[PDB]
Amino acid sequence: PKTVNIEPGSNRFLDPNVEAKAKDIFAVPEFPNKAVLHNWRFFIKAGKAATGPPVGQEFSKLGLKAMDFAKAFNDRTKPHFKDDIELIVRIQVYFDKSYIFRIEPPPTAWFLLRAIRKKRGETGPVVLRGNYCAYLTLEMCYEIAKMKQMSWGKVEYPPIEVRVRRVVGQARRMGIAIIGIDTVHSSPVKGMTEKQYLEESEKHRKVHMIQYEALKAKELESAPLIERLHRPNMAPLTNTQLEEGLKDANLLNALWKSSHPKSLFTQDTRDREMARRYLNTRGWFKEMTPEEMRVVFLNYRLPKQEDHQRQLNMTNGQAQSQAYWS
Amino acid sequence: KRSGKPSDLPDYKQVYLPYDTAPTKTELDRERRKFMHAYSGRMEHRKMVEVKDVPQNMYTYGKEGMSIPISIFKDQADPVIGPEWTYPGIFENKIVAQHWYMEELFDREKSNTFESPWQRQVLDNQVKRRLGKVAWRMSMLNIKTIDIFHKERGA
Amino acid sequence: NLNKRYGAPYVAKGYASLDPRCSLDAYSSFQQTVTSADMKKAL
Amino acid sequence: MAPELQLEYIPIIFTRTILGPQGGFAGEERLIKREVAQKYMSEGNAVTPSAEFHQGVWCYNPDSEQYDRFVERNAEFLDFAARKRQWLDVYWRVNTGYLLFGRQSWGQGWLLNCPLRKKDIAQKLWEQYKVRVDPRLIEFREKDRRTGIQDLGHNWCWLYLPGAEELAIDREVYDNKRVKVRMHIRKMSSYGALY
Amino acid sequence: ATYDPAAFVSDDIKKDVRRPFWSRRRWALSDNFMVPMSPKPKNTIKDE
Amino acid sequence: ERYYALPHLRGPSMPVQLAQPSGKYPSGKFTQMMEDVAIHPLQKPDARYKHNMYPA
Amino acid sequence: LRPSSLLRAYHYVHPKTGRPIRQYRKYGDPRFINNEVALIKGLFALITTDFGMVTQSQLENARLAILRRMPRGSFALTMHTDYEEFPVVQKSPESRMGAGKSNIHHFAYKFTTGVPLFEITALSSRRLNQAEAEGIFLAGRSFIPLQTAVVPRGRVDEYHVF
Amino acid sequence: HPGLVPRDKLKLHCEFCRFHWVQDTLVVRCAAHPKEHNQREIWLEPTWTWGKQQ
Ligand SMILES: [Zn+2]
Numbered sequence: 014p015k016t017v018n019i020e021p022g023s024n025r026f027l028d029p030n031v032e033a034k035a036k037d038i039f040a041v042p043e044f045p046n047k048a049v050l051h052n053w054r055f056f057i058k059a060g061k062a063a064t065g066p067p068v069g070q071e072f073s074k075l076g077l078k079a080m081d082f083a084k085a086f087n088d089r090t091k092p093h094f095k096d097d098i099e100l101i102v103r104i105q106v107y108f109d110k111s112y113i114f115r116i117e118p119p120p121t122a123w124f125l126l127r128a129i130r131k132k133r134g135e136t137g138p139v140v141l142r143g144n145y146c147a148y149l150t151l152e153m154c155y156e157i158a159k160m161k162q163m164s165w166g167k168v169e170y171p172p173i174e175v176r177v178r179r180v181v182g183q184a185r186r187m188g189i190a191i192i193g194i195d196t197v198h199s200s201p202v203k204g205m206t207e208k209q210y211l212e213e214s215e216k217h218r219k220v221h222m223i224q225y226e227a228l229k230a231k232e233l234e235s236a237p238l239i240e241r242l243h244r245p246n247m248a249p250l251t252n253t254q255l256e257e258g259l260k261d262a263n264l265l266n267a268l269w270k271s272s273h274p275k276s277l278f279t280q281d282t283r284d285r286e287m288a289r290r291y292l293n294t295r296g297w298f299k300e301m302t303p304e305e306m307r308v309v310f311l312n313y314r315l316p317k318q319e320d321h322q323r324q325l326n327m328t329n330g331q332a333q334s335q336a337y338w339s
Numbered sequence: 019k020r021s022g023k024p025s026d027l028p029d030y031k032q033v034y035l036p037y038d039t040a041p042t043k044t045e046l047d048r049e050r051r052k053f054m055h056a057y058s059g060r061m062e063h064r065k066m067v068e069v070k071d072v073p074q075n076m077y078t079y080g081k082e083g084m085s086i087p088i089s090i091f092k093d094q095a096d097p098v099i100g101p102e103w104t105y106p107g108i109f110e111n112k113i114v115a116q117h118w119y120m121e122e123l124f125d126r127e128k129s130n131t132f133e134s135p136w137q138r139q140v141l142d143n144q145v146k147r148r149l150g151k152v153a154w155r156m157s158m159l160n161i162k163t164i165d166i167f168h169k170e171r172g173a
Numbered sequence: 014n015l016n017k018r019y020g021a022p023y024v025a026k027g028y029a030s031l032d033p034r035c036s037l038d039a040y041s042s043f044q045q046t047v048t049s050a051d052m053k054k055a056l
Numbered sequence: 011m012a013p014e015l016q017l018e019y020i021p022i023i024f025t026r027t028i029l030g031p032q033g034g035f036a037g038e039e040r041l042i043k044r045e046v047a048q049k050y051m052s053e054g055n056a057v058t059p060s061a062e063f064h065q066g067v068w069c070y071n072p073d074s075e076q077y078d079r080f081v082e083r084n085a086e087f088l089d090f091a092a093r094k095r096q097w098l099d100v101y102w103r104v105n106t107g108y109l110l111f112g113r114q115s116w117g118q119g120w121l122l123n124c125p126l127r128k129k130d131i132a133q134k135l136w137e138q139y140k141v142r143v144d145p146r147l148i149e150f151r152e153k154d155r156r157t158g159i160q161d162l163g164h165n166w167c168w169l170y171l172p173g174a175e176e177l178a179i180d181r182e183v184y185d186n187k188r189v190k191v192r193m194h195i196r197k198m199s200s201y202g203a204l205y
Numbered sequence: 139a140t141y142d143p144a145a146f147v148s149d150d151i152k153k154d155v156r157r158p159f160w161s162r163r164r165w166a167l168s169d170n171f172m173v174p175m176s177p178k179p180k181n182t183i184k185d186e
Numbered sequence: 229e230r231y232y233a234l235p236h237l238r239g240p241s242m243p244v245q246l247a248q249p250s251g252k253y254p255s256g257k258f259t260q261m262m263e264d265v266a267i268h269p270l271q272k273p274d275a276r277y278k279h280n281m282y283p284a
Numbered sequence: 006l007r008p009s010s011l012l013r014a015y016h017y018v019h020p021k022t023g024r025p026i027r028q029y030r031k032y033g034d035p036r037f038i039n040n041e042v043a044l045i046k047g048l049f050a051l052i053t054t055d056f057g058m059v060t061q062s063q064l065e066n067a068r069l070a071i072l073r074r075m076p077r078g079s080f081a082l083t084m085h086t087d088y089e090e091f092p093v094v095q096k097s098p099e100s101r102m103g104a105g106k107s108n109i110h111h112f113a114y115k116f117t118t119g120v121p122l123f124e125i126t127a128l129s130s131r132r133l134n135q136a137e138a139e140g141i142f143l144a145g146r147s148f149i150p151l152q153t154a155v156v157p158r159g160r161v162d163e164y165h166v167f
Numbered sequence: 060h061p062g063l064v065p066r067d068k069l070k071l072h073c074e075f076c077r078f079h080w081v082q083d084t085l086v087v088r089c090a091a092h093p094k095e096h097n098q099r100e101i102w103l104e105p106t107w108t109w110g111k112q113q
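In order, the protein sequences belong to chains E, Av, BA, Ar, BP, Ao, H and W. Counting with the authors' numbering, you get residues 14 to 339 for the letters of the first sequence. Counting with the authors' numbering, you get residues 19 to 173 for the letters of the second sequence. Counting with the authors' numbering, you get residues 14 to 56 for the letters of the third sequence. Counting with the authors' numbering, you get residues 11 to 205 for the letters of the fourth sequence. Counting with the authors' numbering, you get residues 139 to 186 for the letters of the fifth sequence. Counting with the authors' numbering, you get residues 229 to 284 for the letters of the sixth sequence. Counting with the authors' numbering, you get residues 6 to 167 for the letters of the seventh sequence. Counting with the authors' numbering, you get residues 60 to 113 for the letters of the eighth sequence.
Looking at chain E on its own, in the form it has when it is part of the complex:
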């Protein structure tokens, strides 16, 4: 009937409404560069924080009337919240006894038991319990994963498609057999043939790549300048070169210079060939002209978009163009 939005994967983060007050409370009062004494962690309900043994005790071990914090907690957690949402509080006590606490979304194990409607004790790993518990489908984990962000300052990264494999694994480790995997057949649809279902995935599953890469590359271009530096791959080196290349570092130097994507500073024939004359005495790579090295001695962690942008000779023409200006 009504599909809310037809786009190849634009439902990545929450609604800007709920994502507005998502980080209003899930924020990190910045580390004062003090020396932490205790990093406590609690489960606390929406606003039902008491001065009892769960909270008030560990303060009272240190003489802090935690009758105050609970209020300062409820100064931030009593509204905004569906009833009975057990949050995690990361209380952090410094050597001046001044605490600083981040409220955090409920543990994903709490999410998982909700989204499947199972109580404590009903769920279990099959090797302890013998049965897959409540089903799920990947379509659901993608929304448990949207309220679970590592950096609640940067809700974007790590990406969603990369932190759903996290919540999926935590699920399987609890017995939550999701349907898209773990089973012979995916979720059956009244729409079309399995082929007319698989032929509509082979396009979607790859359209996501140019979506996922670009988001993996756009994040790369913002990464620290050292993260874009060159780190040659070590899959080619065989484990006797890989060991004879650890006793004398000279080989792991001449290698780096030998297989280094072309830049304005590495277009020195003698420099790049000085290495190439060191390896041959060591009987290392000898039948691989510079090109087929760069395509194998590249930082594999590069997104495929930029995996090419540095690839000789794509970076040979404009190579001598880009320089330290002045």
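Take the hints with a grain of salt, since some may be wrong.
[To be verified] Below, a list of computed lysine-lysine pairs in the PhoX-like style, where the Cα atoms sit at most 20 Å apart:
| # | chain 1 | residue 1 | chain 2 | residue 2 |
| --- | --- | --- | --- | --- |
| 1 | W | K70 | Av | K169 |
| 2 | E | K161 | E | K95 |
| 3 | Av | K162 | Ao | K278 |
| 4 | E | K34 | Av | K92 |
| 5 | E | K132 | Av | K31 |
| 6 | H | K31 | BP | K180 |
| 7 | E | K270 | E | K260 |
| 8 | E | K34 | E | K95 |
| 9 | BP | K152 | Ao | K257 |
| 10 | Ao | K252 | BP | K152 |
| 11 | Av | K151 | Ao | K278 |
[Claimed, not checked] Pulled a few chain Ar residues facing chain Ao out of the computed Cβ check, cut under 7 Å:
| # | residue |
| --- | --- |
| 12 | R93 |
| 13 | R103 |
| 14 | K140 |
| 15 | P172 |
| 16 | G173 |
| 17 | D180 |
| 18 | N186 |
| 19 | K187 |
No lab work stands behind these hints: they were computed from the structure. Yeah, the Cβ is synthetic: ideal placement off N, Cα and C, and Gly gets one too.
Place chains Av, BA, Ar, BP, Ao, H and W with the ligand on chain E using the hints.
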């Protein structure tokens, strides 16, 4: 543990259907009949096992337009589920996310035949763990002598 | 405590100094040829 | 044929691939002991050489675990089942054998006073078992790489049977490239002892 | 078609290395669990 | 008299695709750097808490 | 005579009389070095690198100790028993008070080199390490009166265990 | 202090359990659990002679 568990378990409130053609009763228990089993363990040690608490209709179960009760905020109801290709990497995760025995992964690398371009990433994150289970295995032995299986086991 | 008094060419010695390799090279010369000129030089 | 006089060993074409000394492998003709062979022709690992089997025989692969693999014995295979037999005959001969010694040993450390040479193992291989090898292959243990064997009782040392890769010979012998020849040094007085 | 005894046949007089007590971790890995050689009594090998 | 003796070599002496697995648990010298391992002092690995936290 | 009409190879029984065969002392002498290696099929097995005479009570006390140090649901110990048994104090003046009945009853095995004794065999995809393995056997090895070393799955590569 | 019959049986049970050369005998000395976890290698007494302990 008792704490950190949900007490109130809201129920699946189907928002809008994902189809115009009703899935007639006859075929419902004809496809659900296939789901009451789900594999487990991924090697020669493949174990087709049973799944308890099977939902009844999976044309409607999660493929679109149902709600999930992870209701958290005040103004955010049980969020609706957009269609499949509206979530990123889902039919790509279907290739990646699963129990991977390294026995089954290293024959894929030494033959460079990955079904997915991320199984090279689920491999490292899997070996980078097992090395950690050692660099912690040993940064403990620099304290004392910890000997495996040397204390009683069982009852 | 041999190999201290005697050399390494002791105990680690395959005293079979007769034919570990020559027999092979014998079948090598077998392969190539001998002919008129190979006798004419002998002539 | 008589119940009294029975062939002490009989001809046999192996269908399976048995590990043991009396064993063979796919398709070779071997005269193995009668009692053993008779529980092969019932077992199916072997079949008496009828004129038909002398060309091909349906040997066995552990892959599908049934007699499917046709191994045709042309003159080329008969140059393969010879080098592969002649090889694992040296194996099963030194591995089965237990080559003895008689040596002099005065003093207390139960130490053979003139310890053994790799010459003096190939010498007791060719003497007793007629196994003619290169004494350059016999690797001693770590305890006896320095001083030779040197001690009474049971010593063993490794004999390296090199040329076993084009014979496709593994899992039918205990170790493709070695074999444990098993010494024993039975000390004796000047009456019966040498050196 | 040459086999050189020297490649694979290695007769090296190797120094039996002490279990290094001077470092803690390498003392624990080296703990070859056959130190229960204490059952080496030259017991009756053909009777009981 | 029968004399048993090795056949002549037609292929590689030490078996390669026929090698029996080593037979001792292959915990390599690099997964537990027990001994026999030599590393350049510039390239010292894995001090993520001691002296790799401030790498050079 | 001597061995025939065996009682399934545990001990030989006289052909013309159901009495046990009462062999010689140095019959089945373990003082060989066993040529045939063992193709263990458990994950790890405890082979005897030396030779000796080991009782059944010494082998059962070892099992009761191995069965303590082992994870229960995962690995199931496997103890081999097909080997042949042998008598004890049998002879008549060589027994105490003419009680040849109560001395021979003990049955001990004559183990050569490299016989497998136990097996930490697997019942799941759970795995073991040599450190995780020797730790188990280190309890029982202190009862089995002869020298023994644990070996991993498959054919014991006796180049290394020795 | 239980003489750990061979030297090789020595194991450092506690964090404070270290090795020491107590007169040519490698031993384990711990400040904590002072004699509870102490181990001493088997060797001749510190002051032996050639006729008394060979
Ligand atoms: Zn202690």
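Cross-check of the supplied hints:
1. The straight-line distance between the Cα atoms of W/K70 and Av/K169 is roughly 15 Å, inside the 20 Å bound, and the hint therefore holds.
2. Distance check on the hinted pair: E/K161 and E/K95 sit about 17 Å apart at the alpha-carbon level, within 20 Å; holds.
3. Using a Cα cut-off of 20 Å, the hinted pair Av/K162 and Ao/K278 holds, with the two alpha carbons roughly 19 Å apart.
4. Of the pairs offered as hints, the one joining E/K34 and Av/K92 holds, with about 10 Å between alpha carbons and a cut-off of 20 Å not exceeded.
5. This hinted pair checks out: E/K132 and Av/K31 have alpha carbons roughly 19 Å apart, not beyond 20 Å.
6. A distance of roughly 16 Å separates the Cα atoms of H/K31 and BP/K180; the hinted pair therefore holds under the 20 Å criterion.
7. Between the alpha carbons of E/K270 and E/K260 the distance comes to roughly 18 Å, so the proposed pair stays at or under 20 Å and holds.
8. Taking the CA atoms of E/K34 and E/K95, the gap is about 13 Å. The hint holds against a cut of 20 Å.
9. At most 20 Å may separate the alpha-carbon atoms for a hinted pair to count; BP/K152 and Ao/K257 meet this at roughly 18 Å.
10. This hinted pair checks out: Ao/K252 and BP/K152 have alpha carbons roughly 18 Å apart, not beyond 20 Å.
11. The suggested pairing of Av/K151 with Ao/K278 holds, with an alpha-carbon distance near 18 Å, which does not exceed 20 Å.
12. The restraint placing Ar/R93 at the interface with chain Ao holds, with a minimum CB-CB distance near 4 Å, inside the 7 Å limit.
13. Among the interface hints, the one on Ar/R103 holds; its C-beta lies about 5 Å from the nearest C-beta in chain Ao, closer than the 7 Å criterion.
14. Annotation: Ar/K140 was flagged as interfacial toward chain Ao, and the flag holds, the nearest CB pair being 4 Å apart, inside 7 Å.
15. Contact between Ar/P172 and chain Ao, as hinted, is supported at the beta carbon level, the nearest pair being about 4 Å apart and thus within 7 Å.
16. For Ar/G173, the interface hint holds, the least distance from its beta-carbon to any beta-carbon of chain Ao being 4 Å, beneath 7 Å.
17. Interface restraint check for Ar/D180: the shortest CB-CB distance to chain Ao comes to about 4 Å, inside 7 Å, so the restraint holds.
18. Using the Cβ-Cβ criterion of 7 Å, the hint placing Ar/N186 at the interface with chain Ao is satisfied: the shortest such distance is roughly 5 Å.
19. Annotation: Ar/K187 was flagged as interfacial toward chain Ao, and the flag holds, the nearest CB pair being 6 Å apart, inside 7 Å.
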